[PDB]
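Visitor: Build the full structure now, drawing on both the sequences and the hints.
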Amino acid sequence: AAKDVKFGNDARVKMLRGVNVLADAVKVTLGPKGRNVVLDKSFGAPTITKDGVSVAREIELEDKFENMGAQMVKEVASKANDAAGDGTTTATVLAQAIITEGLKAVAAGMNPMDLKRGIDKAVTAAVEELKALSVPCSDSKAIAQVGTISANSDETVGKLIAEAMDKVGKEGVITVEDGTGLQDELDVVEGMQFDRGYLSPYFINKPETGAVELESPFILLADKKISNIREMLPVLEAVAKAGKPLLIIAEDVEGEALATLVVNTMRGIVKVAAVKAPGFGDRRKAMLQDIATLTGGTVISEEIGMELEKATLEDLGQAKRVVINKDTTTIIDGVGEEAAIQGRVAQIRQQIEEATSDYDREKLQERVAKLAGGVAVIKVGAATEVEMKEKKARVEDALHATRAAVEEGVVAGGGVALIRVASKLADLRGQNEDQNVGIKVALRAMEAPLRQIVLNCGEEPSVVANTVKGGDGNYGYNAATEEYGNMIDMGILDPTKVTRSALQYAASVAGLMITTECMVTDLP
Amino acid sequence: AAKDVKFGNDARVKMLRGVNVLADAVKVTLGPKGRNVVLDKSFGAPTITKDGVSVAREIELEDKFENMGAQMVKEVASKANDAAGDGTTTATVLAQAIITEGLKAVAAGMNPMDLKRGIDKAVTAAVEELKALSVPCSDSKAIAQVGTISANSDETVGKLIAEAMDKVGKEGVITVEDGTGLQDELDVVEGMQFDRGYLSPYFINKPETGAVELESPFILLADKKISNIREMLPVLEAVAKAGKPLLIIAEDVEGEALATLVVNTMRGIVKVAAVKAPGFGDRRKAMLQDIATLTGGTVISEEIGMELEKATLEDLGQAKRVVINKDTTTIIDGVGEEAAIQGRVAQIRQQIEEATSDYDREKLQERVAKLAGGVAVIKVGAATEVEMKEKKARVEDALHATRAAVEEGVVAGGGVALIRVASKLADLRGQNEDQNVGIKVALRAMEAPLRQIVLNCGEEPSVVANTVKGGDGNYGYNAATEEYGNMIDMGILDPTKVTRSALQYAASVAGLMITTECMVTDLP
Amino acid sequence: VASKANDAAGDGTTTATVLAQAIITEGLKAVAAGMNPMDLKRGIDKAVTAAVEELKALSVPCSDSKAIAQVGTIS
Ligand SMILES: [Mg+2]
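Residue numbers (the deposited numbering), protein chains in the order written: chain N, 2 to 525; chain H, 2 to 525; chain A, 77 to 151.
Simulated from the structure, these hints should not be mistaken for laboratory data. Hints are not guaranteed to be accurate.
[Unchecked claim] Chain H side only, calculated, beta carbon under 7 Å to chain A, not exhaustive:
hint	residue
1	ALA109
2	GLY110
3	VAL438
[As the list claims (entries may be wrong)] Just some of the chain H residues that point at chain A, by a computed CB distance under 8 Å:
hint	residue
4	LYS105
5	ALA106
6	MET111
Every residue gets a Cβ at the ideal spot worked out from N, C-alpha and C, and that includes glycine.
Guide: This is the structure in structure tokens:
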């Protein structure tokens, strides 16, 4: 495939336009008072939306290059969200702010490498300032606080989160299920979650969450790399006539059997999904046996002689639910006997007596934790089905912000925190005069989100900006009600993680661009 | 798929032209004296029509964007009709009136957010004014009144509705069937209706109603999510050789078996249709058992061990009719034994003794209501088949306006009510001078329907408008006979619901547009 | 405007221009609101005849050499 190669300025100009289109489409939705974007849909009536994540998803341009620009900012802003729970749009909005101004600078004839240095410093500095502005969120009161705010003034959502964390810990695994009655429920149940994601996006059966939700499936606990689909035919035919889904946990699943299971589900007979086993090497042995115990399943080790062709349902584990996403698997309510699960705990607890390393002690402890520590489930109750799966959605939203608030605290939400940290470090210098421009570009970028919220509301940016700057701490403007005050008191907050992630991620991609000299892509 | 992105003004101009083509094509048909639109039809001679709903359905434009404009108004105006029973055209006509004038304003350089505020106030105010102008319709006399008027002076149609409501209540379910003789019939019969619609439009066998009419079918009452077509083969082969249709009510039906059943009917052997079960969770258990009892069918619960592969006709329910639409299923005349249906009633009635919540008491009451309350059927009698299915049509029209008249009353029907409420709130102000413009745009939009009716008749709009304004209450112009008078006395009325809905819906889409800054769609 | 301003006092031509672009922008927006231009004019004119009196009231004589140097300088 012959390529089209663009250099230095050309390359960058293309990139700039690319990112502007992304940002100009996505940014008009930022405030509590965003504007709508209309998103066409092949069949039927179009989609009107104020949701930046939705708009972004749709952005792809004809001019490759220009497209690359847009796609780059999209990638990184989505990672922000990935790591924090929000900021996708903010990250984009800031990404544009640096990219525009920095990229003008380079084109004016200033030094790219210095401009990046300056920005990177301004960010490093503001990140610190953010930690300072940050108000911790630690006690049950504070947990429920950010929960309720994040769930839109609903005090009962704040409660349920606070209660869950109060039961299984700030670390413990909390999931959300559909409610059976009008009543909310909180139950703790034998279960577990491990940092391993789906082997294929085509496993997703809930497109809106980018997640795999499987109803009381059997669980296959293999120990080899599943490459051939042949080993499957006995077990995949039993879990077919059992009319139930099937979760596979093994070393891996290679294309040969992966791509088959893929097309086998996406419009096909048995609907299933598979994920890699937790841990590597000597750890995975016992780490997999833990899940076995928890689900009352049998581990099919090759090192024992058993094959997958020599496996029936009686070998498969079982759990009342299981959700998989990009990079997490969590199984809910394992049928494994209490006498067994408590027995395994006693075995591992004893093994901690070894204490040959603070790595081995801490590693065996993480295993005790997952197993006997369990998974807390929230069932969201509501009156109507519409209300239900809507409330259920805000509960997941709040849980997200709360986990994040715990880790790094909360700050002024209106763009405010960024506007604040910026007016703090307004002396900042570098060595190059070029690095100064770098710091300033970055600093002035930090006003973008507030300025934009205000603008979307149809108020003057400069004027609200100026008066937010005129204050201190978390004093800001609440665009929804047009009153200045303490943003946190007024219930307009962002978890510290998210404001930071957003900024850092916007800064990364901007630096990357400011330092790009070549761009390679296919011919039109 | 690379998109084409348009901003601010561009986006809006495109949208405007889109909407104008829709409205200019659809509005010429509004009065009692509409003009014809000719609608081409691939094979055979074209269609000449004065029916705005028919014209609208056909409108789709080449220019995407322009198209999105048109599709947007179409969507919202159809919802008007969805919730009220009429106004599809009116909604469109008004939608154009706001969109034109509001959108010029924004382009002149006035504030969108304020223009929306202004419109939205003007509407809020007029809706109130409408409630004031409104005349109740409550007693049997008034029911039969709006019925007869809505059915074109036919006093017997007004009677039959009044009688039906008089038998099963103002809420009770009333359906219409083809008549067997020359005589009208009204019978009450064991049956039920629940708020759940077809899983696929390709189930529709009466294209003109957008509805599914199935003649004395078997009813399958599953309890699981039907995903695989395999569970079906025994039951779907029995109801094939029985030469009868089949209704499925279960948790859901997933593509795998849905898309198959779809192609299986749309030009295929067994003609069937399926809908989700009423309610969710603990409610659906008994809620589904109710339909079982009513149809004398057996519920196939997975929680008992029975599968669909283990099911014969003896398990399927039966009803003499069943109609499904967008979002309603109603079954007519269930074969379930009287000793059984009355028995179940006794069970539920007793269960109301619990009274642990005003939610549980009221929820068990809604169940008693559906079951022992029944469905009233009107059989439309006529001399000829043409007359028959024509009278049958007006009976359904009338029933629509009457259900609506009961809920919210009636008002002057020639546009008149709108013209009236507008000249009332002709002082209304906002804070922004821009908000004023908003109010005025909206107010003057409210004259659109009358002005248009008059125009279509070939009379002067301004002159008729002015003299309708000059009066009070329900004084208006009757374009059919060209006399002024009391519109209600003269038998030209709209249910209050429909005039309101029309207005609100037109106002929603207009504001949406006045606040659209970006438009994303596929490349030409 | 810019040209007449200049024949009149040989200064302020940009100001003048700026003011005109401003009256016009705003005025046209009001014509688009459906106001009667001839009245928009009368209002503008009334506003101005008034503004001119106001100015003659704020004016203080410039007669010392320091003040003269100040207008020169600013110019
Ligand atoms: Mg000068």
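Visitor: Tell me the numbers of any earlier hints that the structure contravenes, in ascending order.
Guide: none
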